[PDB]
Amino acid sequence: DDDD
Amino acid sequence: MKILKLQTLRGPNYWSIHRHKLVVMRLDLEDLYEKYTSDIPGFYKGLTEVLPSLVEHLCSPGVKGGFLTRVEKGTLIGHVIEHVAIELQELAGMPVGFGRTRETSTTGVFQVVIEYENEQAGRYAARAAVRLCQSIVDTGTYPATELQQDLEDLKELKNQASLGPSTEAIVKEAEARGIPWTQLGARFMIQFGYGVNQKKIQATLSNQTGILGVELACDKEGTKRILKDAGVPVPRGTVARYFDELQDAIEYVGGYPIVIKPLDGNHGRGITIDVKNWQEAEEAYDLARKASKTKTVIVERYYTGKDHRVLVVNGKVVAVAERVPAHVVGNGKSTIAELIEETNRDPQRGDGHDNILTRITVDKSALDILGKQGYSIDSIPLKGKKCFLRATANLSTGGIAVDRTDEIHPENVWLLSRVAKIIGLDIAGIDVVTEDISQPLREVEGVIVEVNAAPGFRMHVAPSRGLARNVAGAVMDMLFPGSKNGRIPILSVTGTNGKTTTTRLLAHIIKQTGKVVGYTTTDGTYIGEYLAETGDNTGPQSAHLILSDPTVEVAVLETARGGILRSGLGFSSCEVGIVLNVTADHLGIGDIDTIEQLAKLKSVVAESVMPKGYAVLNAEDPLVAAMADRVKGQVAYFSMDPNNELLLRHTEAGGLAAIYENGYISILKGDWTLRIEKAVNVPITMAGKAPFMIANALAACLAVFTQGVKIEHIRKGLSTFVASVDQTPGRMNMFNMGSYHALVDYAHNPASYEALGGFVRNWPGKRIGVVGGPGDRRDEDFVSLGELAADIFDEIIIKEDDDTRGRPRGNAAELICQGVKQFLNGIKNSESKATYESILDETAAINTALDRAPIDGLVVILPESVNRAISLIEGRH
Ligand SMILES: Nc1ncnc2c1ncn2[C@@H]1O[C@H](COP(=O)(O)OP(=O)(O)OP(O)(O)=S)[C@@H](O)[C@H]1O
Ligand SMILES: Nc1ncnc2c1ncn2[C@@H]1O[C@H](COP(=O)(O)OP(=O)(O)OP(O)(O)=S)[C@@H](O)[C@H]1O
Ligand SMILES: *N[C@@H](CCCNC(N)=[NH2+])C(=O)O
Ligand SMILES: *N[C@@H](CCCNC(N)=[NH2+])C(=O)O
Ligand SMILES: [Mg+2]
Ligand SMILES: [Mg+2]
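Here the protein sequences line up with chains L and A, keeping their order. Numbering-wise, the first sequence is residues 1 to 3, 5 according to the entry's author numbering. The letter at position 830 of the second sequence is residue 830 when you use the entry's author numbering, and the numbering goes up by one with no holes.
A hint or two may mislead.
[Stated by the list, open to error] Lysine to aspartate or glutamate pairs mimicking EDC-like chemistry, simulated, CA-CA at most 20 Å apart:
1. A/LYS316 / A/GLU251
2. A/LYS306 / A/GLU435
3. A/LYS833 / L/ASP1
4. A/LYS421 / A/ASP219
5. A/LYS295 / A/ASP307
6. A/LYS172 / A/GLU119
7. A/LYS600 / A/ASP629
8. A/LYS511 / A/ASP726
9. A/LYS155 / A/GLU103
10. A/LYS766 / A/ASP726
11. A/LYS293 / A/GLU407
12. A/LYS678 / A/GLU712
13. A/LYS5 / A/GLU119
14. A/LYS220 / L/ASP3
15. A/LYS316 / L/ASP1
16. A/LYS612 / A/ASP641
17. A/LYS2 / A/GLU34
18. A/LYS172 / L/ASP1
19. A/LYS200 / L/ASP2
20. A/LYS293 / L/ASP5
21. A/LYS200 / L/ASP3
22. A/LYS600 / A/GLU283
23. A/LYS421 / L/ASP5
24. A/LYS220 / L/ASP1
25. A/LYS276 / A/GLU251
26. A/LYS293 / L/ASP1
Just so you know, these hints were derived from the structure itself, not from any lab.
Can you make the complete structure from the sequences, with help from the hints?
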């Protein structure tokens, strides 16, 4: 998650 | 040492320009007011032992260790306090190089200015510096444990208020392109640009990224179905939830090898890569089923080849990187046991969320994986060939990326752009498994494994085995296609006595053009024709409301000196900066005590004008005209006197000036004169009787003309702008009720008092005036107000504002009475014998003024609040  | 006030500045300010992030503290030197370092026993040694890094401070000597010599010769403690604050927040990794210290008007208080990179960290360093210096003067040294605690707190503050690498890179690119950026307070969203030209990003997703595309990308099976329906070569797979379905699924996929993965996963929990028989498939299925949050498991054919990550921005392939898993090569006749820690001793490798190259974590799972390798710890690689430690091919494990942007086949680029468009993502990270990215995905058996929304491009800006790619540049190109920033025209109006009227006139004139104007004045903040917020609204906290509104096309901001002093300007630059006048009326507030200081403070607006902008200055005011230099961009002069030598010289070489020549508001474009109005058809001038309103009209007309507004629009706006209660709350609001007239105004200083008198004295009727002033002003100002009211009026009613700002009740009233008494005693004969009386209530004052108004008289009201007078005169018809 968050910047995959 | 006692800290009295701690203010932070976020834009251009009094202390510096281009140094937006500053913190200023009012430091009280109760006992060390004149106590030099050379006179303090053991101060220098303790200070230089607590922080040896101060030797790097190139102070006013300008040489290495110059600040140490300054301490040697004896220096005031404020200087060393600012230096220790700079060094304290510098040791935490935060480079800052600005500091100032000045003596205030009061005897014991200093003003110390510290540059900061983080607001919280800067304030913490400022608070800690005085404690450190007090401890040093009291005990001769500072404990090392407290120092380490303070630096750890500073590092924690820096880490807490820090953007991630993706957002940081995007913000750096936006700053490099001159695009304004602000941090929204909701969801770590960054807003680029102003008004209708604004854009938003969170980390990588923009405000134009679709919900449908992101949700589809998050769905693995839906994405596979959509891509297969479009002819994209996705892997052949099937879903399974029960043990019995496994054999049928394996028959469907086409044999062996296969892949078992969960539907929903993070960091690849419970995903096997290559299994070739029954039992391992069974345990992999069990592991994936217990790893998935919904018990369901994907089974698909295994495709051989390297794992590539392709970044597509705005439908174009920006960067291609091949993800090589963690590996070591024994080309130096050395085995795994040495290289595992040989690579770990390389400075490139690092942990956290900043360094992509992570140390090779030799986990028990990694031990099992290298067990499946077929070799051991000390088994030397053959011929010096790659031997891997894992198979996930991820940077978190300790793998490497290889740039392949220049080697991707054009057919692959077309296919990946189509994939990104089909899913519906402006920025997408596509994972491709193929034997060779330089060949079409049809020749080799390449497949599209997954599509990622909000991808991390950290691996593309530092491949470590190829050329870095400017992903942030591509994102900014997508957000702002051409050579366009997100700026809207900003018109900042500053001055002492005419900010509100000029702001409203500018807003009206621009409203004549088909544009939505968002403007903030003293009365309130307006967007278009509707009020957006009430209150004072003359600082950056109200300018942010206008600049962040998605419908505002032009921003006109009244920039009072209070906002500039408190937190500086709310914007980096303005298209037009207007300085109307600088009169020394409300001195003593803050550190401003001289009219030169006030002029320097008001010059922030003029100096903030962009090189392509304009600075509208009053040529008739020597201090305002003195700001002609040190201003980037063109200068435009307005003067009520058409024979101003400076204005004429400026027009001879260039132009762009405005004058009031022969009953005309005219624009000088060099040798050409462009007349707007007769100045008697302008309602606010009241047939040209008020000269200050004519000056305001001149400034507004020049400001709009400098931006290319047509002469007809300026003419219509000037003709249709009214000075009554419908538009102006209390700015030259004249009310007629037959017997007499009432003139409610906003005059509170000697300059506006003189301007008001210059129009009131022409009235042929009786002059009744209710005057007053804010309680935070100097006594001489009250005396001047009293004497001016005596000069201009015939009946005097002195009232003191209910909100006295800390002044004792009444004092201002009796001092205005002293001023009027002095003016009365200064007259020999009965030239002007105006009667005076003082009552301290607003309602009583206005009631008395309206009660005894004779036929054809004029009653002038200067209340604390305009709404009070408006309601009182509305009730009495
Ligand atoms: N069918 C497949 N054939 C070959 N390699 C595959 C296959 N499926 C996955 N892989 C590889 O395994 C990696 C992880 O697959 P993913 O579909 O990303 O599983 P995941 O659960 O999404 O793990 P993350 O969090 O996305 S890295 C891919 O990047 C490929 O290198
Ligand atoms: N150019 C001018 N020179 C002198 N006095 C002026 C000028 N323009 C307006 N005034 C007078 O000053 C009064 C107050 O100024 P305004 O323009 O109404 O508001 P303001 O300038 O924003 O004052 P502040 O800073 O908000 S308290 C007006 O009611 C006029 O009587
Ligand atoms: N890679 C990431 C995509 C989620 C999109 N971002 C937000 N905030 N919904 C993921 O967690 O899969
Ligand atoms: N991946 C993304 C995450 C940072 C934004 N989220 C939070 N909580 N700051 C990035 O910017 O790298
Ligand atoms: Mg994924
Ligand atoms: Mg105002």
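Comparing the hints with the structure gives:
| no. | hint | result |
| --- | --- | --- |
| 1 | A/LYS316 / A/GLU251 | 38 Å, violated |
| 2 | A/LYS306 / A/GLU435 | 6 Å, holds |
| 3 | A/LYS833 / L/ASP1 | 81 Å, violated |
| 4 | A/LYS421 / A/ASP219 | 16 Å, holds |
| 5 | A/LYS295 / A/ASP307 | 27 Å, violated |
| 6 | A/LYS172 / A/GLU119 | 19 Å, holds |
| 7 | A/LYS600 / A/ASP629 | 12 Å, holds |
| 8 | A/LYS511 / A/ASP726 | 16 Å, holds |
| 9 | A/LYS155 / A/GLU103 | 32 Å, violated |
| 10 | A/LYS766 / A/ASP726 | 26 Å, violated |
| 11 | A/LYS293 / A/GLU407 | 39 Å, violated |
| 12 | A/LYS678 / A/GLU712 | 14 Å, holds |
| 13 | A/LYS5 / A/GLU119 | 15 Å, holds |
| 14 | A/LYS220 / L/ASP3 | 17 Å, holds |
| 15 | A/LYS316 / L/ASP1 | 24 Å, violated |
| 16 | A/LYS612 / A/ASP641 | 28 Å, violated |
| 17 | A/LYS2 / A/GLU34 | 16 Å, holds |
| 18 | A/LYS172 / L/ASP1 | 23 Å, violated |
| 19 | A/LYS200 / L/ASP2 | 16 Å, holds |
| 20 | A/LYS293 / L/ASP5 | 19 Å, holds |
| 21 | A/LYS200 / L/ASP3 | 16 Å, holds |
| 22 | A/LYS600 / A/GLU283 | 77 Å, violated |
| 23 | A/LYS421 / L/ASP5 | 19 Å, holds |
| 24 | A/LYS220 / L/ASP1 | 15 Å, holds |
| 25 | A/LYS276 / A/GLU251 | 13 Å, holds |
| 26 | A/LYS293 / L/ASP1 | 15 Å, holds |
In this structure, the earlier hints numbered 1, 3, 5, 9, 10, 11, 15, 16, 18 and 22 are contradicted, and the remaining ones agree with it.
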